[PDB]
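Apart from one protein chain that is not included, each protein chain of the complex appears where it belongs.
Read from first to last, the chains carry the letters A, B and C; within each, the first residue is number 1.
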Amino acid sequence: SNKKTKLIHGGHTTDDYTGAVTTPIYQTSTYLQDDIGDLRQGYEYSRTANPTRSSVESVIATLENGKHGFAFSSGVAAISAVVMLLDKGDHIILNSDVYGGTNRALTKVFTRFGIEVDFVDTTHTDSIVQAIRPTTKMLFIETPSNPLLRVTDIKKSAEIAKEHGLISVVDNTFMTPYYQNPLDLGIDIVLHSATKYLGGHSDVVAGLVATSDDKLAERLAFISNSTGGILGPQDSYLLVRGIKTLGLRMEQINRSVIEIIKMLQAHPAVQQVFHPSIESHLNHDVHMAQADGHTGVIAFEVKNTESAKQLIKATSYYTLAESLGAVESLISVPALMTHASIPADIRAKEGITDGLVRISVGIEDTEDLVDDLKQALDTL
Amino acid sequence: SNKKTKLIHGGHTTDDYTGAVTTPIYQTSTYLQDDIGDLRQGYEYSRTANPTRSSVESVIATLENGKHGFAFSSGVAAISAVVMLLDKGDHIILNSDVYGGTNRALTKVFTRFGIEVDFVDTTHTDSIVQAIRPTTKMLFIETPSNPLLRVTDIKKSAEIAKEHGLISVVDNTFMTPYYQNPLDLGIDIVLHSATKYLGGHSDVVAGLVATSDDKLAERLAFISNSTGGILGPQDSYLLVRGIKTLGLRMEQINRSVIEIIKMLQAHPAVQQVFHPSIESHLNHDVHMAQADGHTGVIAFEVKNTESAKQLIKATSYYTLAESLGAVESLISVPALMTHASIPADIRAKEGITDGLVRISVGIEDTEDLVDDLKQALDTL
Amino acid sequence: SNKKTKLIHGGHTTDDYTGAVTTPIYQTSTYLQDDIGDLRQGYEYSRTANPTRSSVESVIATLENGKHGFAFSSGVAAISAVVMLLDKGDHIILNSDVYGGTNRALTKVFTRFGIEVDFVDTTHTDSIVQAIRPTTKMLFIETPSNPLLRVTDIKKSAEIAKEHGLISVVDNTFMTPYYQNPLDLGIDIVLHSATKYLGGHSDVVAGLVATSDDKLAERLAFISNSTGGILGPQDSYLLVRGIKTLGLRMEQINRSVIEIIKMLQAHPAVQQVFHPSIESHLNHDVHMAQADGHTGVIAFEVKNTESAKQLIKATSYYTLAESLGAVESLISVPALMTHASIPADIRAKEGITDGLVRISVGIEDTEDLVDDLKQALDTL
Partner (left out) sequence: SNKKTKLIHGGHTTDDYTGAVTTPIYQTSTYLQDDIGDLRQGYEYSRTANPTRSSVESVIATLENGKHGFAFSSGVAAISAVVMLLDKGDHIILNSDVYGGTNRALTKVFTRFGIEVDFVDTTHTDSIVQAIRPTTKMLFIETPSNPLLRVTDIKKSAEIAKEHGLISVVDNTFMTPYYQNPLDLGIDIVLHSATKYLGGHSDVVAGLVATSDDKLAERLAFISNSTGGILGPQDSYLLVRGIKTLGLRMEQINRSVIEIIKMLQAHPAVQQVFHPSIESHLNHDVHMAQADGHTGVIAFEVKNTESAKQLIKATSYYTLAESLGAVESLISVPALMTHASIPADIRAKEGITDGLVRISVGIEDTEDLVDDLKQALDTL
């Protein structure tokens, strides 16, 4: 029924054989056949299918209201599998500020195989319509994006993609299926880096893909089985386990996010704040219309690099590390950690200033997170 | 010094911090940084590098006398990573009977990205010289091959590849680094499905790649980090653990292989036997010159399909399952399980007759394996 | 600072060596010594100490405001270790309705070793004072108890134990350290079956013990190392991981508990309800004074056995299984599952009627749990 119940009871995460209330870990590569071609439960070779991986695939298919799930060894392996639905000469549209690893994959790997890439500002969906070529086959959208949390209208992107015969894809990592369900809005394929919120505990690298389209699912299964970027059984088990508390974790994160944003907007040492919950944020009404909560990623401007580093050193509960979606609150400086190969002038033009801080809110006590960050800002 | 010692002490498989005599399992995605960019031990994000995966990478680099190791989520993910060293328009030569999954990957995935594929009979290396085009960039060799155990001259293939400016690659799965070291013979890249002998226990799906070439290693690392088919830490740990007994397991397997072949050649219900240890086998002297033991895969002909199935049902210690390299002895019928989409007439022409049986010898007692298979053959 | 923050940042759960933000899994039995007796980080043999187990021990010591933690292979192994602080001839006082496994251990195992056991109704603490003999050495209290949730005054029990020279022990399983901290009230030893709420996910069997007493800690460490009921590293890791969400899970559980109790008290098919939050419950004010939340275990009476079974069959979200503290809501019938060896007449006298149902509230949506149970009760 309701979402928190669906997280516990949706998907197949018990053992039919023994009744075990958690998914067994099938640390196995192959399976006894009673006769040639006769499989007991449909398993014959773990790269093709493994029952622990099937459990996590059924969870992601259920949570996104799809019919088919796929579990990959990382988020970028999920993205690579989806991009391999195309051939040389095909063209894909992505939002201009897509995740750095996606950018790297498309422009440094798949362009050598004749995939053509166009980055457009999808916050205005008519941009997509202008960029469509006769060879365009895929539309790939992240919303909200990193690190400035730009919002793209999912339902209009789905309509444009249907009209022009495109496979539509949404990277739903930042929102999770708890708050945003692209397949319900007409999107063909939804994917996640489960390394972040879904696993939730900073201890699994994994990607997840869901679809409702039988034929796209067939093509994805073929690509998974031939290029072999499969998630292993132990990581599948830890993913299933982490997803159980997704609802609780996202709601705690959202409570802290609201309070932290009030604090950041009131503080003298903070300039602009980027987050889709701010009413002045571009496409705020679009976000509210397609999601019913918020990501825990917030970006905000302090004066300069030295202020950003002082902020990191003065906080007690914000940890300096890469990734996001942990139970710990994480802090980072994009201009130094993810955008440092961009020339400084272009960085400044795109909004990645030297004092742009990104925090990923965790599940610590709201008042501790607000107070800690405020007292650190006070030292500037 | 000697090989069995190198299996135990080669590579880095202890913990420098606590002294733990086995590699810790770093079930983690990210790492504390003391200052922005300052990494304690060089780790920052597990997709890029994880200390358990690094341990298994150092083992495979040591065992193959290379300098760089890479661990992938499966054998075909290793092969896909290596093939992505090429661009559209590039051409690769493979042996004609390469593994079915490699065939599938090249001709159903990478040809859609403009990679051109030519299959040649590499048992005569001048075949390679005839097939070389101006666009050829890679030579990819399995030796011995599946299921007829055709042998290709590794050192001459390396020389041809150097002469014509080609990246040379050997799939060394069947022999393992215990018996055959392609990098010592001039090959650029060696790879393995560690799902088979290296893991040794039918419980990990994994691929491993080693090279001595700094720049190829750089390109492989970039591809691994951008397409993300990484082996997880638990599977890396189980791989490191399984490799410890590789020498013992391969020597037991080889003792049984010799005795089983004597039995098969003497038996009236058995026609041809395929294995590189038979002196009448094509390129037997080449195999003896580049390897110092034998794979545990044997193929042999019985009369027909019904005889093959009766053989499977009458054996007590040969298990019907896919894969090879287990501690259990495995049995299968290629014409029904791996080549069943080939038309029957072409199957017969290539040697995949309806009574072709493939066994993968395990580590059971030699006399039990010989006696069990002989008494099963006696029922024909 | 606050409890939800302490759950994330208390204890040592990162790797000092690599910076990994989660505790490495030291799947290892022994450790390199640089010289005889010179240990790198103090480890020499995993039964004596293992770094993953040390991580979970430091978490439980921190959460209970103790100084020493101990991790055992199960809750009853923790209890057995604590009972082995006594000698033959020593006498221990327990509350009369202590957990069945504790009862079994004391009266069927440790009485054969000369430990003398007296069960008393500790809801009136002067009962304890009457039962104290010259040979009494230990006072062992569960509060609240199973399945009728009887409450015992912890601080008065601690005072009585100090006055008469007794080791005081509280089984704090039902409340968890999130809501009740016996060591803060003068108790010598606190213990838990971490199989329940602390692990939280129905996937680890484990016990945890904390103390602030150096000499009791020394004796516990000696007993642990000599009788060897240690928790393994993988289970320690999963425990540390599950504890991160303890605060979120307990607060969700408490919201549902309050609403479910309102429903149960209003329903015509339900007679008595047992839970310390009910103001008419014995020692309700004592519970409120020593805890600041509630267990998720509730017991209530329906008419008879057939009604209880119909209740189980009509619910969609209450699962029939043993244990408690899962993310799933669990349901059971004590008279049939935990007290079925007691004669029926004594069962009825102690309150374990044939229609006594026990539910363990999970983290599903509150409205789904209330509605599901109410509609099941309506079918009676």
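In this text, contacts are C-beta pairs under 8 Å (C-beta built on N, C-alpha and C of every residue); 3 or more make two chains touch, one makes a residue touch a chain.
Interchain touches from the omitted chain, evaluated on the whole complex, reach A, B, C. The chain omitted from view is touched by exactly one of C:117, C:131 or C:336, namely C:336.
Considering A:19, A:165 or A:343, the position touching the chain not shown turns out to be A:19 (whole complex).
In the full complex, subunit C touches the omitted chain through residues 27-37, 44-47, 50, 72-77, 79-80, 84, 87-88, 101, 104-105, 108-110, 112-115, 195, 199, 202-205, 207, 222-223, 226-232, 234-235, 238, 309, 312, 319-323, 326, 333, 336-337. Although one chain is not displayed, subunit B still touches it through residues 1-5, 8-9, 19, 21-22, 201-203, 241, 244-245, 247-249, 252, 317, 319, 321, 326-328, 362-365, 367-369.
Considering the complete assembly, subunit A touches the hidden chain via residues 14-22, 24-34, 39-41, 43, 51, 237.
In this text, only the chains that are shown with their structure count from here on.
Taking the mean of the C-alpha atoms as each chain's centre, subunit A and subunit B sit 35 Å apart. With each centre defined as the average position of its C-alpha atoms, the distance from subunit B to subunit C rounds to 51 Å. Looking at subunit B, one finds that residues 27-34 touch two or more other chains.
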